[PDB]
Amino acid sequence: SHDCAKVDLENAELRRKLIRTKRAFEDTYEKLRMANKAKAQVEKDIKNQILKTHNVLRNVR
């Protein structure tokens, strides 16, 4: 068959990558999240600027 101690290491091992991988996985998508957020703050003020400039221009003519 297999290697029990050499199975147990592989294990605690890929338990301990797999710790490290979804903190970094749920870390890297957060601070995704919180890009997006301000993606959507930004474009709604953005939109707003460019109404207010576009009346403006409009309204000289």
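Rigid core (definition): largest C-alpha set, two forms, superposition within 1.5 Å. Numbering follows the first chain given and starts at 1. First, how it differs from the form deposited in another entry.
Considering 38, 24, 18, 46, one residue stands apart with a C-alpha shift of at least 2 Å between these two forms following superposition on the core, and it is 46. If you fit the rigid core between these two forms, you'll see the Cα of residue 7 move by less than 2 angstroms.
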Given for the second form:
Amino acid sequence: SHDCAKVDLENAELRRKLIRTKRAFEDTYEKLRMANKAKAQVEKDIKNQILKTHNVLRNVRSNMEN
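Could you give the coordinates for the form deposited in another entry, as opposed to the form deposited in one PDB entry above?
Keep in mind that what follows is only the chain, not its partners or any molecules around it.
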């Protein structure tokens, strides 16, 4: 006892909402992936600038202390 037609309609509706939700998750996950990639590039360039500044300061120390 479950009413077969209603249970079939519920199966179809569940599959529909499931696929729709999987696709919303996939699109949001893609946006987050792009954001993480851009952030990774920015952090890479920041590491470059920190390397430059650290080398400059250490060279000033090697030019004044020694």
